[PDB]
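As a starting point, one isolated chain is supplied in structure tokens, in the form solved without the named molecule.
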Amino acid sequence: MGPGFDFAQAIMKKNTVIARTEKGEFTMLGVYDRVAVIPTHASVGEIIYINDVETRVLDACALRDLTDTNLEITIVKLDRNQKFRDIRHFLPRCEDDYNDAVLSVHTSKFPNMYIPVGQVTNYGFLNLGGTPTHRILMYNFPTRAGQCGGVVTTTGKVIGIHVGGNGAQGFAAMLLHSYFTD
């Protein structure tokens, strides 16, 4: 409908796949080459379905900060025959707050879904499903089951992936440029 939704759509149409694990269907953001991200609670194994194609996982790393705290991001390398468009230049370098974000989801349940979530707080620490978690972004929207892996964007920046909510607020794990240096 406007410039926020334009940038979000641009990301969804070239840099997402539908990922299926034994824990369900997730929006999965491809970042560069065969490298993608997914919430750690998806429990990625040796084999994952990508757009309903059986795919070997070449590597999977559940990220933690240098305090050995959960970040709720898993970086996955897929045995896929095609590279993602490199979007690393859209990733922030530092922890920050943001105005006017969009949460974008694409699954079987929720195809072509875009949510204007408003202001995004650098929230920091969250007890996420009983797990202490760092680098959390918060927005005041009542997000629902099915939205995990959803991409959080501003105009020009890919800032996070949706990892949970409490019925009033939603919570995203930060994406930082430094996660995807090679």
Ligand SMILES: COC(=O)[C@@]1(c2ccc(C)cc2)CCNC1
Contents of the next structure:
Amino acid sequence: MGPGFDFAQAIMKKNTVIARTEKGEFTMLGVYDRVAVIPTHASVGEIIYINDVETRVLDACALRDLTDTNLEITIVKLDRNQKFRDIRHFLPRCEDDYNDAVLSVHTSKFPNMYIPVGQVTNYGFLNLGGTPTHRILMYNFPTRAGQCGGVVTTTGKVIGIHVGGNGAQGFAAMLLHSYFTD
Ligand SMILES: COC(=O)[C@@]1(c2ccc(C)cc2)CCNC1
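If the one shown is the form solved without the named molecule, what is the structure of the form deposited with the named molecule bound?
Below is the whole assembly, all chains and molecules, this chain first.
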């Protein structure tokens, strides 16, 4: 409808795949080369399905901060025959608050779904499904099962991936530029 949906649309059409693990179907954001992210609760193994194709996982790393606290981001390198568009220049360098964010989901159950979630708070600590977690963003939208891995963007920035909710608020793990240096 507007530049918010304009930005989200392009990230979705070129930088997302549908990932299936034993724990379900997730929106998976491709960041650069064969490197993508997914919520750690997807429990990525040695093999994953990417758009229903059997794919070997070459590496997978569940990120934690330097206090050894969960961040709920897993970085996956896929044995795929094609590279993602490099979107690392759209990642923020620091923890921040944001205005006017969109949460975008693409699965079998929710294809081409875009939700204007509005203001995003740097919430910080969250007890997420019993697991102490850091760098959580929060938005006041009643997000539901099947939105996990969903991409959170503002005009010009890719700021997080959806990892949970409480029925009234949704929670995303921050993406930071420093996660993807090489
Ligand atoms: C991923 O986003 C993009 O590449 C585009 C974009 C870039 C920046 C802003 C503020 C809006 C839209 C350029 C082409 N159409 C979407």
